[PDB]
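To begin, one chain is listed below as structure tokens, in the form solved without the RNA.
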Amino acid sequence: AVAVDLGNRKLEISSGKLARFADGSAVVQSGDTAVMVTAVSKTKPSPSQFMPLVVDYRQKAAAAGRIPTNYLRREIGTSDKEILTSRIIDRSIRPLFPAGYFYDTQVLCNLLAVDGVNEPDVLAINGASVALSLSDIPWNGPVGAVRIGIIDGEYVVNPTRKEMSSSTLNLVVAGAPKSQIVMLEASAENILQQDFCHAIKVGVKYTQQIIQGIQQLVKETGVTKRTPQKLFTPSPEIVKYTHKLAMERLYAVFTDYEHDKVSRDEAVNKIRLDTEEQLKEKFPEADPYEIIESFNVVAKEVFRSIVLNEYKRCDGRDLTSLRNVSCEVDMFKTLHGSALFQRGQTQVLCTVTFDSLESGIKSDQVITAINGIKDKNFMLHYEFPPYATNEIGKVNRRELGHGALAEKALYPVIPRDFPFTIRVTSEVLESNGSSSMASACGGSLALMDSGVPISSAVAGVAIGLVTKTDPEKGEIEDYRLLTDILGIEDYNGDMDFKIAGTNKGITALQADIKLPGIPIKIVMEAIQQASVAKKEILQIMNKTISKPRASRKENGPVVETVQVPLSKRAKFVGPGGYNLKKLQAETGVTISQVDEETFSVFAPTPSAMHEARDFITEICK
């Protein structure tokens, strides 16, 4: 039992009482909110050639004093907030696992109690760190996580639920020992870069206090780590031989600036088949996966040596250059708003639909959208169809994560008290890069095209990173920050620093660091380098459209109130409102009784309003 003091908050950490069969377990309590986190890792290597790690943040209707609402089966699926919290925890702990740890691992977060004051998501990140630290699972160093808010210009750590509602920033920082940063998740109300950057420094300061608390609990408990029967990393001598075979061929491919996404992959694949064939004779006893992974290591090393040594990228760009950006608006007549955003070989189709205000709130049946409510009646829905990468797939977590990230980016510029629910759909028709950030740019374009009076245009961009690190020390010697990374740059790089905002502020941030932490200095520069790129993108978007249209499209939704006499009300509504629901199903009209005499009527198109209108007139005789 260790208590960590963070300003005016206390963080109680416990272990050894509950769930003792699990490989690791911990209970983290702040105020009256308690979260138990367990960690299980199988000792048999998984047949798949990667690290299978699943994080399931399990919210409970209990622990909050709420029996599940009106539906027979009491729990159905996964809420949006549950998936997002699971994603944050996964990104905080995944980089710290060793290389070649191909063992099935699961982290589960059970909510013991919730007081409605101290948020449990931050505790779940800390609990995952304690559970993994006390377990025998090989894991590298504790992780501290805090949330930073700005209330009246003051930087508050772990704000209460009341404080979040008055905060211009929602930043979550996960830090490793010696002030490294492992995860960044921000949702700001278009705040200045200086204020945003200070909050990161204050956050990393607090996560170091948590880490020292966990290290004390680990020392007292007396943790000993297991010895995995095998870490699946290619041997140095097989890797070195691969380097001799395919270094020159790979060097020519990545210096060939005429390659596109498919041509580059095919050219690399041709060397892969050629090289893997000759590797077997020299090493007949090597595992078939070990042969594959040796090529991936060599291809990654050659790819990174070019940008570090020569400051030029695989497509010939310099470190700060964007890809070609093209925008269109108003492509299909019947859509309320539309936009096609192209960034290199990434293409996104964004659509705006206006729905009724009543459809903003969802209730009953399933859990995924059980208590459906959004602050501004605005939601963004992100689709990543399998043909965007020329693939066959089932028609998930990544789509929901990217949809929330793009929705965070656009949320601060959405006007309040809009007549309708605003629903943006982003379809990734082609994918070679940050389709998630293109959804914010295209979403901004479609929003002004539709006539939504947004305060300012929003542009996002992704910043990559390549580092050189010695094995004898582990520190970062030199690094290159890349603007607007490709898919191969993100795959072979060290982070995907996605950040969006207007031309005068920052609205969203999601840093997916693949290294075991990076210095605050690198994070500081990535935010600056993205500010320059974002301004360049916004100038391209502004030429396509610079201000929202003075009105909505003529074929857009319309709301009007009909008068139904008291004598004729029963005929109109029908038995238990059967005629109302029948009308809303054949036509699109949504009818809601404002008053015993009047019915507000919402038609998504002027055609529906006429079609419903004759239904009302004949019913009223």
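Only the largest set of C-alpha atoms that superpose within 1.5 Å between the two forms is called the rigid core. Numbering follows the first chain given and starts at 1. What changes on going to the form deposited with the RNA bound:
Only one candidate in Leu53, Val559, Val594, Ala62 has its Cα displaced by 2 Å or more between these two forms after core superposition: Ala62. A displacement of 2 angstroms or greater separates the C-alpha positions of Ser363 between these two forms, with the rigid core held in common. Core-superposed comparison between these two forms: the CA of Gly116 stays below a 2 Å shift. If you fit the rigid core between these two forms, you'll see the Cα of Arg74 move by 2 angstroms or more.
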Contents of the next structure:
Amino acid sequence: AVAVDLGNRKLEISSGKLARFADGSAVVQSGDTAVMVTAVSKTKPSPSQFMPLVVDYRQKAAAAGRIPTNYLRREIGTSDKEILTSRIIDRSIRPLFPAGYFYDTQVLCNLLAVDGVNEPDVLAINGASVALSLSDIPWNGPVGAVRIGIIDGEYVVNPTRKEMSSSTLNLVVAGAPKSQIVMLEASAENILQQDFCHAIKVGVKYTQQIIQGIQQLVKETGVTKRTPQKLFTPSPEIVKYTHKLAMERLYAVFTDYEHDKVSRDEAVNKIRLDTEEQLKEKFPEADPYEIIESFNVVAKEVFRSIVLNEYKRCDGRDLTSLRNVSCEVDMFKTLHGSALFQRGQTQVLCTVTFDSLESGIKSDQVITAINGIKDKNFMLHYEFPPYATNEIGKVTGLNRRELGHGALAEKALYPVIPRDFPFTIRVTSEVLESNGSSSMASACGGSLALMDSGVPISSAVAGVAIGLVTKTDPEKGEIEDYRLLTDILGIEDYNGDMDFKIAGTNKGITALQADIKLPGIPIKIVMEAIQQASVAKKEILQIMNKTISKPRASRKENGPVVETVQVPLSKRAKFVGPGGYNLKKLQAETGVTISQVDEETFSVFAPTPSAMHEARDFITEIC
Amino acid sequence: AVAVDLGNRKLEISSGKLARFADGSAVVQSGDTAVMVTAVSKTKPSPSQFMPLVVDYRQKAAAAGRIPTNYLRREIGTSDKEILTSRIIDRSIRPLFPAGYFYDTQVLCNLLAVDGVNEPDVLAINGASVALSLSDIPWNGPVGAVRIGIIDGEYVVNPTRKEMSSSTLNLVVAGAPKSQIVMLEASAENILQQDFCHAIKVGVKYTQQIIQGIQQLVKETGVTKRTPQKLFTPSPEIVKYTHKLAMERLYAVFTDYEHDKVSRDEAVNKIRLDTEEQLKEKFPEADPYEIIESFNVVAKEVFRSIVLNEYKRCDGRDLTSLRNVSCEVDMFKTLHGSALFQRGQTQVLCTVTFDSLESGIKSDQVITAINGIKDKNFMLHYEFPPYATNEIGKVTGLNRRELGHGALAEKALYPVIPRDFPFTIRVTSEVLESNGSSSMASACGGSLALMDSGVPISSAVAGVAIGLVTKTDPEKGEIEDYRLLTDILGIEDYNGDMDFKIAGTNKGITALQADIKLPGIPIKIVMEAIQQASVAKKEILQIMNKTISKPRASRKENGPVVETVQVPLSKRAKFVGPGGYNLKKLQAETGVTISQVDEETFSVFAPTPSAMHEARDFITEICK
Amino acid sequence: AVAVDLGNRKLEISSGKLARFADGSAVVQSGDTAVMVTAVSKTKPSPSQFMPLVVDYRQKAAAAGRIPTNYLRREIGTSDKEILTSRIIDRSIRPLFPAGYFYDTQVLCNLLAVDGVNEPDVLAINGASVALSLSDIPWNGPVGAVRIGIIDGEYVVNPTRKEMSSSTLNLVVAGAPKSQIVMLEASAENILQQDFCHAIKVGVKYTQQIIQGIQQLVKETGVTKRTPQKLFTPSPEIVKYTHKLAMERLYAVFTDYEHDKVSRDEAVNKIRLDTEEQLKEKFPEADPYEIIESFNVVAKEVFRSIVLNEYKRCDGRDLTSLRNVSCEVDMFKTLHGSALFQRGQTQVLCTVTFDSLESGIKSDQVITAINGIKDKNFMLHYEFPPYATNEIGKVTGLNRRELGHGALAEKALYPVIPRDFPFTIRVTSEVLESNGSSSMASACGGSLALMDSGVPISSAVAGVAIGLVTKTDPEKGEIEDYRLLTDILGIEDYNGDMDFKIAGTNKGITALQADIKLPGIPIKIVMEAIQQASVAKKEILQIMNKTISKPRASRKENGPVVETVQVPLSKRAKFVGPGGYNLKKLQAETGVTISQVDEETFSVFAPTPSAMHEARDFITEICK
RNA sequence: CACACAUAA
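Moving from the form solved without the RNA, what structure would you give for the form deposited with the RNA bound?
After this comes the whole thing, all chains and molecules, with the earlier chain placed first.
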């Protein structure tokens, strides 16, 4: 039992009472909200040849724990909010696992109680840190996580539900010891860069206090870590031999600026196939995976050495240059709004669809509360079809990455969406080609599509991903020097150290998501990445403004229309039919939605003026 | 970009702008409707020893399709119309793939825009042809697809949505080069055979124009096909040796008319086990699959040679003889209607269930209720349980095949269903035993069940499947001679060249679905298949009419009943309850549903008079 | 066809007409309800090292005329009733399979018709027995199953739906030849032990009549069982050599009373690693699974020998001792009710949530997946998270064991739930740690949480599980000696012979579920298990009463509140919104539930007083 | 094993 004071908020951490059979278990309570988190790791190595870590955050109720929904999990599955929360917890603990820890691991979160005041998602991140800290699972230092909000110009740590509604910033910071930053995830209301940067410093300060509390509990409990059967890092003998065999060939490939995505990847594969045959005869007793991983380490090292020593990327540009950006709007006559945004070899097609305000509810109390209701009747749906990477995969359903990128792009465009719009706004982003930050291209393409559709957004929104390449001391672990890369390619993200996706208007920041592969980075690097990304965002907005600078004066002539019809009381029964049979038959035959306003007035929403025309023919003949 | 003119309609083909990473990609636009189709094929042979081809046609948003609430709902969120369209595209392009192309392939269709006038399903089939033609995937010859309708006596190519609603025919034709036919799929309003056959001729001519346009685009673009690392076909020398080993034994099995489905397959399995061991020792270095495929080649060739040379089939029938047909009706008292149709070793149990109109096509969620309503309040649900073939399988959710067979059987019975029926008609067909065309037996059995249930259908509907066995010289690819088989068995479909399922009444055709396994067949063969099936259809209808010839004079006395109950305004609040809680509870414990049709009256629908008794005692005590 | 008379009930059994392709099929008809059950077993040995047996019972509401309810107009998912019935059929037929029969097997039940009078779930169990008896699948003697009710103090065999609603007992008995019992599954309205016991012997008497009828049908129609490729059982000489290696080490582990669950499992596993390595050297050609199973045979035999010979268990308890029981209530402030029940190393956390009355009608009509309404507004959700056993597994649904345990614990507490409670009672039971009967700990912890929350339950409910260890004749198979164990651990259930989960009040029995692994046990053993569990139940209730003995005088202050708000007619449109949009929006972001009672009256339900405060502000500004 | 998780995203 350890209590951590974070300003006026109190955090209580305990262990050893519930779920004693798990490898690690902890209960983190703030106020009257208690969350129990368990960690289980198998002692038998898994054949997956990577780290199989899965985080499952579950809630027993929706709408601030007021509508019980846990009994519906067998068919109503997992909500979208739970998946996003699991992604945040996953990103806070994944980088800290030791390299080569190829053992199945699962972290589960149970909401013992929710008071509707303190948000349990932050307590879940801390609970996952305490459970792994107190367990015998090999894990690096404890992680503290807080949420920073801004209310009336004041920075509030772990704001309540009431305070978060009046906040202009929703930033979650995960911190490692020595004030390192592990995970960042924010959605701001177009706040200034200086205000945003100060809140990160405040957040990292609080996470240090939590780490101090968790360390004390670890010392009192007396935790001893297991000895894994084998850490699957390749031996230094194999790596140093692979360097002598493929350094100069990989160096030539990565300094060739005529390569595009597929040709560069093919060229690397050609070296991999030739080298791996020579590696097998050199070490016949070596594990087949160790041959695979030894080449990956060498290729990654050669890729980073060029950036560090020559300040030039694999495609020839410098650390601050953007890829070629092309924009286009109004491609199809029938779409309410459309845009095609291309960034290098990343292609994203965005579509804006207007619908009735009544489409934001599912007509069922439980299901509507599960997915919630959007504040501005605005949502974004992000798709990553398998042909974007010339691959074959299942097309039904959205994986975790698609959910995360959709919420990131939606948060970026949210602050500029106007209120009291007559229609529900749906933005659909499809990644036709992918070589980089397609999620940020969904904010740029979504902004162009919204302006093309006639939605009077306050300002355009652009995004950009910032990569990182560091050279750290092998023993001390300190970062000797680093390079910040603007608008990274896929290979630069794969071989890089972070994926700093940040979007906003030309005078503020609206969304941010940092995906750090390192076990924490200094706050100075994060500070410089935000400033560097703002320069890139200025250039991108210049290109977009040439294509379209202001929303069109009105919606498309063939767009949705809302009209009001009058039915007499005598004719009411015939028009509606037996139990609303006629209204739903008309809805299912022409797509028009009819709602009852008052005892004589019916609201009619039609997707097209033609659909209204034929629907009105039904109304006239039935009356 | 290439524009193909099909009468008064225009087809626009494009490539090289969107999704350049895919192996092939194309955008087909008609009017203001555009569909982009991509094809991806791996360079590594798949572990499975067949061609894995997946076609996924996805509607981006009907009205505003939005997104399913969660992952599991997404995995079930594919609509029935999307699945049927994907099957049509799959059958149009699968026969043109080379033999032995055991590589994973996926074709994905994305609806860029829909104007509500030009139907995108036909454009998707063409887009899949252009995408595969411009890709490096080896695909034999482009195909073209058009939809032919009959509006007030005129054959219309690619009719609009308004024209399709007044059409008496909904026929989709996919054609290969040289006027071949790859796919056929029709849904007619009981039209004459001569009118139906002419529409096929008109459609094939139009698809040749599309193929000409695609061929020009291929030549102008400069497509180069990949070289697969291995085409998995048995070597000619190992097939020849297998022929000498098992020609006589297989010939004896296929000439033995005392075999049924299980016995014949068991006998062939016995020869396969004996032959495979001998093959392995002769060719130790042969691929283990190559041993299996060599026997399948030999068994298929022996099976087809018997019918080509002797005009006799494995069960002793000639080319136009039907299997034994027996029918029953009214087997269970509580069923609204029932029928047990048996054809050969295929048994189908059909049930008819009536339900209220309000709870007949209408669900609670209007957003998802679209693509879920029926024109005549009529639908058919088809089930293929795993015990029909003595196999073990999952029973969770219908697969694509069950959805396709149910739609085909529903289209066959749709034109005879009366309009303005008091109740929603639902026909359930279960395949208890499967050895042949179970989908067609669902039309015949469904017709009997509808007649037994008391539904005044205009005429009885019967269906049949027609097979094909051809002899083609590999040096030319032409078809020298062929045999058309009536009411094929399972082995005749497996070793045959087509599955020509056509259904209709005694004076017209109501549905058709040709599943051609050859890379195109001439129009003459299709012309004779329809005529030959006409003879078989009338023979089946003779047997069916013996069991029952007209619908029963009235519905069963223990069927659903509807009447109104008057509720005063003062009693309305107590009767309905807070938020309709009392009615919702009543509809749960008992099957009765209460729908308000007037400010003072309520329409009560009870599935059975016995359940109606339970409802009446509830509403009497509520009234007090 | 064979007819069996059960008092006033008639049971018609037939075969040879439908689904003739399956290995075994049968149709069982009582009254107008007929059920067809088919059994299919593969011939190739399964890759899995156990018995793969799946039983699927499908409602198929087309038989009742009430299948078409949702927008897909077909059933989606499997209901709770379907899953529970499948488990009962599985428990009745699983023990009779021969040991080592590792062949894939599936049993499928199809409801041809239901009259709404005779329950088809009992006929499904009999049909599963006839289908297997007539098949060639190796299966032991036929099983007869009946349902016994008590109406007006009279025992009724196979009661109808009308009688089942006025019955104080719902007991299902499956019997083997020689009056053995293979399955017991009951739920009673707190009936006396003697009345409960007399129904069991009445039920077994009726099952013998059914078995006699099935035997006659099997005699009439020739049944020849297949010869499996091999029965996967360890060699007698390999088992004997394993016994010599690990007799003493295993005996030492099981006589060490200081072991807990994990340490005991690890100590046994250490001997397994040492012995299995030595076994391979002695028998190089033996199957790798044969080595694994031979050790499990020796370990099981040593474990049971200690109990039989010395009357002491692996943790030092005698045959009638309970583990340490610790209770605790009022765990958290915001929960309406909560309790933490611990028994030995099994820890269960129970929660009570009061919901609106309108949220308990989740059924087919409104929801595409849910079906039915609980009689009393009361349900129990049971969860078994993977960390309860230090394991990693999927956490989504599709778990039948959780459904079975939840239903057992729910009907254990159902008789004591008060009638006409203003709110829906939902009890959530989570197994934080498991080393035994977590399903019965859910009943003990459920009553503590219900009393803590303020629900005026009639009396407390406790549960316990009784194991069994028998020494049977190697040839005859008759039971020569047996020991009944109270509150078995996980190892005692795994190595035992039955899992007799029986719960109830201090003066009666409310639930029972016997999981017998033997091919039938004498009724005398069942009788003594009930008596033994009665003694344990009183001891458990004594401990529970010390923590809390009576329900709290009132619900918690932060519990739900229901109050009515009057709106004028002129403001009805503004408050409700277009098509009820405002009500659906307020209730989605606040958690309240508004139901229109009268023209001007709206009943607002708020889960917490704070929620009502937020809602009241929302209504107040709307009224402005 | 598969599934889910992570993965040139």
